[PDB]
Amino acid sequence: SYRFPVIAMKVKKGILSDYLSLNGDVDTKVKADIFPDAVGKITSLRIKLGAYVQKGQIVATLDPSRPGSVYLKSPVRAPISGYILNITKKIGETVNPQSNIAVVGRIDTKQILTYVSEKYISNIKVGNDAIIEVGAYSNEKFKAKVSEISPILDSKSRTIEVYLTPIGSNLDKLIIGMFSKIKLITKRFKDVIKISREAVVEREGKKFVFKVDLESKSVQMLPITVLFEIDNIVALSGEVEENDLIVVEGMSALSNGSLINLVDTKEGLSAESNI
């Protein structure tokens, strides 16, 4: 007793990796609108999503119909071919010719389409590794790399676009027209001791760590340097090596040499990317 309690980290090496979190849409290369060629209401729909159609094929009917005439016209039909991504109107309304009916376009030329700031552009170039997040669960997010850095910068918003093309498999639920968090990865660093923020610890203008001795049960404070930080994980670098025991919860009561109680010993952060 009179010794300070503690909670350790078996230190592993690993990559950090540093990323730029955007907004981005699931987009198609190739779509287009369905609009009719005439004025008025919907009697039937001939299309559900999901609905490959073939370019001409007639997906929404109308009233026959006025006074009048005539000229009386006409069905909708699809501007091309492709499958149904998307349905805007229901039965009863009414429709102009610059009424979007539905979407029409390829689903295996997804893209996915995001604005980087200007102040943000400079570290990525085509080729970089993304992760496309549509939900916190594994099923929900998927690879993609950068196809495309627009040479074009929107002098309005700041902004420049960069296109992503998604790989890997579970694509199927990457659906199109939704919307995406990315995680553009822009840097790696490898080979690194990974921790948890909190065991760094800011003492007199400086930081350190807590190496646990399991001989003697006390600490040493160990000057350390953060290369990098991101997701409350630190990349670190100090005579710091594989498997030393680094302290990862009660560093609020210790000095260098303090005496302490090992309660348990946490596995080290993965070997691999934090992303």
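Residue numbers count along the first chain shown, from 1. First, how it differs from the form deposited in another entry.
- For the motion between these two forms, the hinge, where fit shifts from one rigid part to the other, lands on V26 out of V26, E133, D154, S81.
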Second form
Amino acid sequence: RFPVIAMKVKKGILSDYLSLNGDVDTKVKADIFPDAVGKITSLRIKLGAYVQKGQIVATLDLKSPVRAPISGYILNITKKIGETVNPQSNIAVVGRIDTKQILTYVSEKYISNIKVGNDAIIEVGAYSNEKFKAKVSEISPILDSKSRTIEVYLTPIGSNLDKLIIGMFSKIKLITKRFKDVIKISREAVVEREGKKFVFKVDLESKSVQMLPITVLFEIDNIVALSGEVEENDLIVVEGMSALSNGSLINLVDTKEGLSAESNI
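Please move on to the form deposited in another entry, as the form deposited in one PDB entry is already shown.
Partners and other molecules have been left off, which leaves just the chain.
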């Protein structure tokens, strides 16, 4: 009797994705330029300060005033008290925190299957408090020829968006396909014999296994989504499978829970 561990298998969702990089940006924002030439006497702003359209944010040389062109928060200050500046010199950036946007550049071969409304995950770190849901908002019409990329825009949704701060780098996982209501199982359950693929199903009464042919629909992160003669709640060997054949007698050392029915991502 060969020792095996079996999974009580569940139907669920396995999802494919495209791995991108992007930046948290905002739709509504503006550069702050002076209205005359001269030197900076005072800066009446710090990062994070809220300012109103018209408000005086700095002072130049008489004293001349630099005003905010829109209402919002100060995102960056690119200028030092003491520096000389002119009407095309960027002193600081103002933007709204309620029009957040993720910008990314997708290579052309991937564009035709991306659609407004597609789901994405936005990641700034490894833990779930550092990940955020998003939807594709806009595909630019522009193809940049040198980079062979098209800009795609995502809008974050859901909770705790305070932690998606403007300016941040993010990894993006854009969902491209969902295989739904499929048996999911650890990949090592699948065994390749004579150019085909099988799993071993345990019969509890006879303490044996039956070798069932399967088709692997998709796999990622060591997880197979499969079709074939396998049903919810079948016991399928996930350790010891290499030593088995059809009808092999076994010893069920243990039974693991089925992989979650919810999406890998």
